[PDB]
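First comes one chain, alone, set out as structure tokens in the form solved without the ligand.
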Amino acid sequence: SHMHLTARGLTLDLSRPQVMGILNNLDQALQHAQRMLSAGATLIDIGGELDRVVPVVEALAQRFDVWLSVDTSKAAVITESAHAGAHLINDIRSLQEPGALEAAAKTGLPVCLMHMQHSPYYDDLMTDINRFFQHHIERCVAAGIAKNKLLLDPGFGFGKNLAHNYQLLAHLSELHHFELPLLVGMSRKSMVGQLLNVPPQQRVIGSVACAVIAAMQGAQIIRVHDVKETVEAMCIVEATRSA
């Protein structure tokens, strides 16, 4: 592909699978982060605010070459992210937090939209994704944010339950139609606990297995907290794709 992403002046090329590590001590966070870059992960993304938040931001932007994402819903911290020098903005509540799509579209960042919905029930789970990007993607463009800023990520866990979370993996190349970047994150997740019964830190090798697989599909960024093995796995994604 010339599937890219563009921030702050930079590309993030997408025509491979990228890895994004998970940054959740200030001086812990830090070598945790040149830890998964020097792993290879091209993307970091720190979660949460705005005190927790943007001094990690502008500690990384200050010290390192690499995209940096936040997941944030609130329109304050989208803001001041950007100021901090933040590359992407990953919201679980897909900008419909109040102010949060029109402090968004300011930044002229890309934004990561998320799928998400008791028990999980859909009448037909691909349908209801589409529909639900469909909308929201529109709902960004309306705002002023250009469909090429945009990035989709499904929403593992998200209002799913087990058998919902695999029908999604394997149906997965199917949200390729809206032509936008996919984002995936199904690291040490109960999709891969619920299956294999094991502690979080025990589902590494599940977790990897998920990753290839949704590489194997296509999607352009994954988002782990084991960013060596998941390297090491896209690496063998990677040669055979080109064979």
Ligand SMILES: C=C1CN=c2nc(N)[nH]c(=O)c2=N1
Given for the second form:
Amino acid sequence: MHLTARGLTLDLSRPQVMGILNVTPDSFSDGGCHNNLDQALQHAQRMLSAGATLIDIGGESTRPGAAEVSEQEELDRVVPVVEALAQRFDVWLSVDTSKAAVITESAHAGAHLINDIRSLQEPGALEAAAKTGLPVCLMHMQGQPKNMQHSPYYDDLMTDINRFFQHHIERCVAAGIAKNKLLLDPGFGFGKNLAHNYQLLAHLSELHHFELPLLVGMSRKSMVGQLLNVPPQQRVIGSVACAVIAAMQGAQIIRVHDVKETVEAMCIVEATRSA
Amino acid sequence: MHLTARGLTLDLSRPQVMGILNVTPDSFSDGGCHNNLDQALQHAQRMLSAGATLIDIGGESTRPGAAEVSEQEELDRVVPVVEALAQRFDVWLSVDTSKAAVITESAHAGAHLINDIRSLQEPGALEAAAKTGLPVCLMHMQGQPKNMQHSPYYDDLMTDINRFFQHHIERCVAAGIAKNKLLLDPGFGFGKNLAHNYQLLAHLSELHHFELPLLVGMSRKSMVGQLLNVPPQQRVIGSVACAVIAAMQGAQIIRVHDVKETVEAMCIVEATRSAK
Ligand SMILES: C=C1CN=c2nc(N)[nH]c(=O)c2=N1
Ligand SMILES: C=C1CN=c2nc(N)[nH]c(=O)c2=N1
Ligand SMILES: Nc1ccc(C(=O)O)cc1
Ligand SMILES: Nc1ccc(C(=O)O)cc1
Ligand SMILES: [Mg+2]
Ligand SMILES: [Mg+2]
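The form solved in complex with the ligand is what I need now, so please give it after the form solved without the ligand.
Let's see the whole complex now, leading with the same chain.
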């Protein structure tokens, strides 16, 4: 009932908020905001103060149409941030990356969790993650960020997601990553149209059958934007609503831009579930 | 599913947002704000633009420890606002009142719904409501605003609420108000402690067994305040979270101060519910 890494524990009996720290110039909602060290550190402290129990550090945007980032570039964006945070704060450090080198160097810098939207499918990533001994989040995606929003299609969405997770859990275990080190994310917005996203949100509780923690990320995405017809920074309410729905179905970790609001909503959820 | 009055159709297949217009000096979160005509009309416009499909007008705060308000004082606060709103906007008007004179005179002025927190129990209120033919919302409360929060107690909370509703549905039907014109509100914060409120919220879907629309009011209340430790105006997120939880369980009407936020949240709720 707790996740663990390097002496840290995380309470999975109540919703946990993961604060998003983009260290990119081009992230869809906040590129260029926390792009440098003192600003990143400031934003992380703000999220911690607002009640985040994990900080997700990402140096590669993976939005629809996102450009490629070189190994060295991603390393330069990510590892000094991990290092500075690891030295200052008692909090879970998640690294949103798919690269083997970033996985390894971030682990050396003191990271706790590998958040890979590509589920360790890049060359060397599976072996690199294995050697870290750290927990790993596997995420469902149809296609790649360059083409995932070109005609998304499913015979049955939940069936595909289940098969994907079953296949990749097996890969991880065979590579020496214990099943209990794994987290599952059905990947909202990743090769899924508006209907798919809400179908998934409506059916989210079905994914508990794997008996692994669920992590979800809907914050400021087009699944909110397309319904409300508002820019990313004005999607806080819609994003919080999605968080509440997900958490009411027992999703354990919520990945968000707007930590304070999400934390406040999770309090209400927690009080409702425990009654 | 489908409610109508005065030739206007309230779709209840999707969550509806009721916007709060307090015409009082002492309401718990906003007393004195929209306390005069021009500003009442101003505030109602803003709620309409934000997507509210009902405007709830209330001239008597009923917060824990609220003072009584004279009949003449209530009529003066409420009826000129109802009048101006009916003569100006194409929307459902709700009156949050318990007084027979206020019921009658508000209906005369063009109201669409009687929102009574005392469930027509005041002398002459039941008869006055009958004579209008208008839909009535019946709310559960233990005690009275003056004492309701002095040791709220229930053997079983949901059982009591059901029994309360069964009895007052019967009172209304007998007096000539047809069942299909009734709405039920379990009355969050009315003679209920923190535990009771969240028990009620967790079990809200059980009340669908009456096959009557549910209205709920949690906006900015102490059930949010006690958890978040922020003042009434900072309770928007907590209030929206309660609204989402309620609407996911199929509650049809959500009574709120912050309309824009609630409407956006309801859009997300609607997209989720209709995705089988
Ligand atoms: C935009 C992003 C970037 N990284 C993510 N990581 C996870 N695990 N889940 C997401 O939904 C997600 N969205
Ligand atoms: C504070 C108030 C004033 N009027 C209300 N009316 C209804 N129907 N429900 C409420 O929760 C409510 N709370
Ligand atoms: N990485 C992603 C960023 C944003 C979205 C989205 O807005 O749907 C999807 C994926
Ligand atoms: N009329 C009411 C006003 C406020 C509250 C509350 O804050 O719980 C309850 C009733
Ligand atoms: Mg990112
Ligand atoms: Mg009031």
